[PDB]
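S.K.: Single-letter residue listing:
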Amino acid sequence: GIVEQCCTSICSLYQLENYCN
Amino acid sequence: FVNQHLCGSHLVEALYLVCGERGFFX
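Protein chains in written order, with the authors' numbering: chain A, 1 to 21; chain B, 1 to 26.
Chain A with its partners taken away, still in its complex shape:
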């Protein structure tokens, strides 16, 4: 992801828990 799914839209906390690891 990075930018496009967050900065453009809404990641969600679960996807942030894909993003620490």
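To be clear, the hints were calculated from the coordinates, so they are not data collected in a lab.
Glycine included, every Cβ here is placed at the ideal spot set by N, Cα and C.
Where hints are given, some of them may not hold.
Unchecked claim - Chain A is faced by these chain B residues, among others (derived, beta-carbon under 7 Å):
| # | residue |
| --- | --- |
| 1 | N3 |
| 2 | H5 |
| 3 | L6 |
| 4 | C7 |
| 5 | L11 |
| 6 | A14 |
| 7 | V18 |
| 8 | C19 |
| 9 | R22 |
| 10 | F24 |
| 11 | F25 |
Said to hold, decoys possible - Per label pair, the in silico range of CB-to-CB distance:
| # | chain 1 | residue 1 | chain 2 | residue 2 | range |
| --- | --- | --- | --- | --- | --- |
| 12 | A | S9 | B | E21 | 26 to 32 Å |
| 13 | B | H5 | A | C20 | 27 to 33 Å |
| 14 | A | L13 | B | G23 | 15 to 21 Å |
For this one, chain A is given, so just place chain B on it according to the hints.
M.R.: Then chain B, alone, in the frame of chain A:
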């Protein structure tokens, strides 16, 4: 929460919250 639209650093702060210890992705 509202799970805001997070460009660059705002995403990185939300990561810093989720993370705590391990350091973010990588």
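S.K.: So which of those numbered hints doesn't the model satisfy?
M.R.: 13
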